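Enquirer: For reference, the chains in residue letters:
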Amino acid sequence: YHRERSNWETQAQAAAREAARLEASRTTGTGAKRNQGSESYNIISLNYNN
Amino acid sequence: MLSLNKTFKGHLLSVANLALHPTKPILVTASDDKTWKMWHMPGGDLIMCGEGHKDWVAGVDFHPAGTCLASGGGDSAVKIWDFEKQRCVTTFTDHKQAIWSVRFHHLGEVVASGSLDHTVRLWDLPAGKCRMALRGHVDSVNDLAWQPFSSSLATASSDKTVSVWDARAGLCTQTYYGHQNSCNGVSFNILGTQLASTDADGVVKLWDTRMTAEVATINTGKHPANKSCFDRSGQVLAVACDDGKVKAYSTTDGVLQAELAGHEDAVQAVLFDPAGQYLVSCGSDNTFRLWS
Amino acid sequence: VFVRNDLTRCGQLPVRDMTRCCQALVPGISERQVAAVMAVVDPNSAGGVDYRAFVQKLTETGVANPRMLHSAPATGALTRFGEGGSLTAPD
Amino acid sequence: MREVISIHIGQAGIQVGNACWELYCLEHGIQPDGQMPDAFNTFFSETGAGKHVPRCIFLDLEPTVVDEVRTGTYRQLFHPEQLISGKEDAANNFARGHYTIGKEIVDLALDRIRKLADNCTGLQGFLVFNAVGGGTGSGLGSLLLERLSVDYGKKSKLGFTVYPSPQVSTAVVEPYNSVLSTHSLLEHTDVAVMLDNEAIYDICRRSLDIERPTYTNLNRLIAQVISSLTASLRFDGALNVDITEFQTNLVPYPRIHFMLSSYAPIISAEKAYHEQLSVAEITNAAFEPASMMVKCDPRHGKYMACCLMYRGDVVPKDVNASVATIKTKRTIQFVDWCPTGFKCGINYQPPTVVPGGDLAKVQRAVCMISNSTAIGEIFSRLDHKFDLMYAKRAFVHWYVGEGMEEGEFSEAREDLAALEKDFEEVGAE
Amino acid sequence: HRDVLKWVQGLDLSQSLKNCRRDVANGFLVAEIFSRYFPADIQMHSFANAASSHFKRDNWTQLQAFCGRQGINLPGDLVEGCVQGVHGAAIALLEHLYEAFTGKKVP
Amino acid sequence: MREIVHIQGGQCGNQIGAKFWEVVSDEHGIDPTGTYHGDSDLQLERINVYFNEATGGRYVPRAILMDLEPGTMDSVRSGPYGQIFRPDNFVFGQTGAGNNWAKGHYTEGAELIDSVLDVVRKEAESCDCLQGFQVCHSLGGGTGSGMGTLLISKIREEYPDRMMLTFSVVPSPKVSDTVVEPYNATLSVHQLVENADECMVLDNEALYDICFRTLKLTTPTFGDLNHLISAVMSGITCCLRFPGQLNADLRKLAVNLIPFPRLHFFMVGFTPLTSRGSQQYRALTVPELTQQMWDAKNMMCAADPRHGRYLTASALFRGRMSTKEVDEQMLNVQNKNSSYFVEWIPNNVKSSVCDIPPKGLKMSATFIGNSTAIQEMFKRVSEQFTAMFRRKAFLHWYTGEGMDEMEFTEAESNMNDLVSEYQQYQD
Ligand SMILES: Nc1nc2c(ncn2[C@@H]2O[C@H](COP(=O)(O)OP(=O)(O)OP(=O)(O)O)[C@@H](O)[C@H]2O)c(=O)[nH]1
Ligand SMILES: Nc1nc2c(ncn2[C@@H]2O[C@H](COP(=O)(O)OP(=O)(O)O)[C@@H](O)[C@H]2O)c(=O)[nH]1
Ligand SMILES: [Mg+2]
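Residue numbers (the deposited numbering), protein chains in the order written: chain f, 102 to 151; chain S, 315 to 606; chain i, 355 to 427, 435 to 452; chain CF, 1 to 37, 47 to 438; chain N, 45 to 151; chain CG, 1 to 427.
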């Protein structure tokens, strides 16, 4: 039981680390800085970003 | 061009003998399960089945018209069944010894039958009585056949004697002792000129009607060959063996030509379809697989 | 049915209106029976719930056999599809 | 008194009977406990004091549907000895349900019928529910109806049978089972009402507006058809009909005993308030091909006789106005040798509404059961199916080894072929 | 060969031969033949059809005891070869029984 | 009331059986101690199909575990849910087959086959009416293949009217666990044709395809493959243990999936196999089950259904569903691609609806399909067998145990008989 639980814990920890990296990159805004617009306002409807 | 393409089964015990319809692609087999089953080559499925024999059905035979099928069993019973209504017309049990083989006449009126009483009897479907009984062998008559035109009846038994007879008068014309051991099956040619004898030596010997000249002598497997047949093409002779092999010997191409080892047990029946390309073989493995 | 009875395009309908909708869908539901599902779906709502949430919760919590509703008032063997030797635990 | 004995065979029989007896206990006010808090004598035999039991037997070879009645919401209603279950099912095999596994359970079935028949004084007939696409319904239903004819002579038998659909069906060997069961019900059943699940599926989708109908939805509005057939026996009305009245106005020949079915007002409550259900408007919905309970086109055939079962607030005047406007419509068509092809039956009770069904509370209703030559289309579609499979002996060794001989397939094929020939020549001008 | 195959078919045994060497190894087929030739002496009730070595030895021991009582002789070496499954011992025992029960010749 | 007797052979069958008895006893609510801890009354209604009531209220599984290696039954005692089994049914050998079909079938398996039949006869007579015999074993091994097929031959002769279920795992195309697989596989399937009423083919490298592509398991444990196998075997016997709208036992599945007697080799697959990342994004609906069921990557055999036409099919649906909307998916899948379905069988698909879903899962389905494409993984084994046997290699470890070379030509020809009759229906 300990061996197979360790195997599943390694799988779930790899998955959770990947999910945590993606969530951190989404929250801090570093990810898709290629796709991030400039000037910090909506260019179509002239309203401030939130 | 002889390989395995289709298989036909449906019997619990060993298959004793088999035959084909005279002008239809249907094979009727008689096995040790006390039944006779007809199957279709193109589909592999059964069409008709008949039961009622008390013991193992030793052999089956069909008339030239194919209306009446005879079945000789191990309980000394010869049952004649009509395929049009699936009705057993007659059940002759006058013999007290085991019956081996049957052969209908040219017109199909009467059929000769061999028993273990060292005699060959003649039975009629309408009369149901013995018309003529002949005795020319000291052992059980294993096979009987009739010529297509004349009254040349060939009887093969375990006494190593093939008897050519005139059974209408109840007399034997002559007997030939070419076989070195017991004989199980005599297969005529397309005409009545040549007859091939089976033996425990394992040789396909095709003697003449009266000259008895062995034109070709060939060897078979170690076990004794039991069943023989001649293809309608006039150049191929099929011989089963009890070692699990069916040999197709060519008359004009190097004697032995083809060997089929698809079977796994002793084969006791071999025939060729009327088309001329496919052979129907039986065996002790309860699989009457038709070779292409 | 709830959209048809909703007159203001709210997304919410009151208790009597949803009782009428439930009776239209199938006759014989009591107003108390509707209100119990109202309280289950949205506890702190003063009046009226989302009929989308109501239908969604009923369709997600519906069962095939009326016998097995009795257990309604440990995750499962097949629901994991992994940790195959970790199904249950010793002691 | 008037009494009918309902015999439900097979998985379709038990679940249709579950929905049917749910409706009948609600009509008379019988609680599921079995106690009412004189019309009930048609379907219920009042045992002593304070208890009414169904006049039914629920027989199936598999136990898995008999037991859910025994532990459902109707534990105390049914007599425990009338629900008959076996060890193993026929398993979609006509040979099993008829010869091998069905013979040892029909002897207990006839004993239960004999106790039910002797209790009732005047027995009107036997209503048989079975599925010809299954093993027990086709197989055991055959052997039971063989015994019912030889033992209870001249007593009427009505067959509300579920017949396989052309488009979609739930099994593979239904063309074998239904074709063999055709000979069983051709010579024995006095009335055979054809039900097709695909047609009831399409009825539910376009009338009740249910995109995903279920077997429970289907059996609930099959029950309204069965109830309206027997509604005149239980409750009084202007134009009373009986079981013997039902045959003599529908079947003109002994070998033609197949009829369709159509229940015209089938609406949800959102449909109901905007619909002014008049007698003429409902009767036009009865003869609509879409409202038929079997997937056949009455336009393709022609009507032979029809039966109109009206319920509720129906005056005997406007039923005749509905008949007159139907006759003048050219879309329907009648045989020339039946100039008065209508049977009208009016009852004075609106149909009951089950708490739990998709049907609304309506004031008037119509069940229309008609004999026509369009039923030759129904048998012709599975005639092509059975001839296709039997041509190369597929799915035959399951039948041959289980007692049945090979010749019973071709005899049932010729019997079905002769039934097609009768339907074509009788309606011919 | 053909004579012993005809003889074993004529008794109409429940067991089918096929591979006869493996078929007659357990002793059920030879027990059936002996029971047909002596219905009162040998019954199929006292024999177990199984591939177990102990049950095989039990069946062949009963057969040996009863045939020794009745005078019919089969080789013990052939019995050992049959229970060990060597090729040809089963065949030779079959022809020996064929000659012993109803006497004919071997070619 | 329609009892199923489970029999396991070899290292694989005991490991398959250990996960099988974990899954079934979980949805029945049976603890490893032996008591009952369920929360619904539906579990105790039909529990005698798999568990025998004992003294004190304990439930003991109807399992017979056999192997010629005695250490392997120590592994099933060591496994979880290992103390529920009766110690008497743990019939054990001493020597071990060692990947030899002949050692398990004639020489070393014969001394143990008397006691296995002793407990099978004891177990069958205890219950009221048998519904069939369920066996899970290997074909590439020596115990599950040699001793298994001798047992299947023995219990078919003694009990001829009872059904047979073989969840036999077959040797793999790509990578093989042992060299002598085609010798054991061809000899096992020769005995399976005339004995097994229906056979269900599993492959390990088809299971690895499920665990990698669909389940997104980066390192699948060897017991995770048995979880997928146990999910299917619990689904075949679904309608017996639980009520449903359309019921179908193992006999009704046999009469619909088997048009001709020798064509009883199926390939199967469990439907709602979803990863945990994609768990939240998929709507657990009936159409999402049906098209994923018919997908080639779900099926647990190496044979691809796209190559050959479907002969018959069977669907076993569990949970809250609609009968029309289940059935219309089966008519739709027969018309959108009609080339993959045989023409002389109308309505190739059978469907059953069960009302009790698996525990923790809202709705599931199980597929069984008889196809003429299953000959691809028998011609492949015949390709492996004809290479080895023609040079008579690896044969002295088979001919030393009593069998001759003629028995190899029996299985070689009978393997080629099955692929001949499957091929002529593909045309
Ligand atoms: N209309 C309707 N048909 C049903 C219902 N239940 C089952 N059926 C029909 O039953 C057919 C299947 O055959 P079954 O009735 O289940 O077979 P059986 O009578 O139980 O016989 P066995 O299966 O051998 O036990 C299907 O084609 C369905 O159309 C139902 O509740 N309503
Ligand atoms: N899916 C699966 N396959 C297994 C398992 N155990 C063994 N196998 C397979 O079975 C084959 C070997 O069978 P084996 O256990 O040695 O059979 P035996 O020696 O006859 O008892 C190998 O190809 C393995 O891949 C298991 O738990 N699950
Ligand atoms: Mg059923």
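What the hints contain is simulated information worked out from the structure, not anything from laboratory work.
Careful: at least some of the hints might be erroneous.
[Said to hold, decoys possible] List time: in silico PhoX-like cross-link candidates among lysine-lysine, alpha-carbon distance up to 25 Å: (1) CF/326 with CF/394; (2) S/323 with N/148; (3) S/410 with N/62; (4) CG/122 with CG/216; (5) N/148 with S/410; (6) i/411 with CG/359; (7) S/338 with N/62; (8) CF/96 with CG/362; (9) S/320 with N/148; (10) S/443 with N/149; (11) N/62 with S/323; (12) N/148 with S/536; (13) N/62 with CG/154; (14) CG/216 with S/323; (15) S/320 with CG/297; (16) N/62 with S/399; (17) N/62 with S/559; (18) CG/392 with CG/297; (19) S/410 with S/338; (20) CG/122 with CG/174; (21) S/323 with CG/379; (22) CG/392 with S/559; (23) S/338 with S/536; (24) CF/394 with CG/336; (25) CF/370 with S/323; (26) CG/297 with CG/362; (27) S/536 with CG/336; (28) S/320 with CF/401; (29) CF/401 with S/399; (30) CG/362 with i/411; (31) S/338 with CF/326.
Enquirer: Are the hints correct? Go through all of them and say.
Expert: Structure-based check of all given hints:
no.: 1; hint: CF/326 with CF/394; in the structure: violated (47 Å)
no.: 2; hint: S/323 with N/148; in the structure: violated (33 Å)
no.: 3; hint: S/410 with N/62; in the structure: violated (29 Å)
no.: 4; hint: CG/122 with CG/216; in the structure: violated (45 Å)
no.: 5; hint: N/148 with S/410; in the structure: holds (18 Å)
no.: 6; hint: i/411 with CG/359; in the structure: holds (19 Å)
no.: 7; hint: S/338 with N/62; in the structure: violated (30 Å)
no.: 8; hint: CF/96 with CG/362; in the structure: violated (31 Å)
no.: 9; hint: S/320 with N/148; in the structure: violated (40 Å)
no.: 10; hint: S/443 with N/149; in the structure: violated (33 Å)
no.: 11; hint: N/62 with S/323; in the structure: holds (14 Å)
no.: 12; hint: N/148 with S/536; in the structure: holds (22 Å)
no.: 13; hint: N/62 with CG/154; in the structure: holds (16 Å)
no.: 14; hint: CG/216 with S/323; in the structure: violated (47 Å)
no.: 15; hint: S/320 with CG/297; in the structure: violated (33 Å)
no.: 16; hint: N/62 with S/399; in the structure: violated (34 Å)
no.: 17; hint: N/62 with S/559; in the structure: holds (15 Å)
no.: 18; hint: CG/392 with CG/297; in the structure: violated (37 Å)
no.: 19; hint: S/410 with S/338; in the structure: violated (35 Å)
no.: 20; hint: CG/122 with CG/174; in the structure: violated (42 Å)
no.: 21; hint: S/323 with CG/379; in the structure: holds (22 Å)
no.: 22; hint: CG/392 with S/559; in the structure: holds (20 Å)
no.: 23; hint: S/338 with S/536; in the structure: violated (35 Å)
no.: 24; hint: CF/394 with CG/336; in the structure: holds (20 Å)
no.: 25; hint: CF/370 with S/323; in the structure: violated (64 Å)
no.: 26; hint: CG/297 with CG/362; in the structure: holds (23 Å)
no.: 27; hint: S/536 with CG/336; in the structure: violated (59 Å)
no.: 28; hint: S/320 with CF/401; in the structure: holds (15 Å)
no.: 29; hint: CF/401 with S/399; in the structure: holds (21 Å)
no.: 30; hint: CG/362 with i/411; in the structure: holds (14 Å)
no.: 31; hint: S/338 with CF/326; in the structure: violated (72 Å)
The structure fails hints 1, 2, 3, 4, 7, 8, 9, 10, 14, 15, 16, 18, 19, 20, 23, 25, 27 and 31 (numbered hints given earlier, in ascending order).
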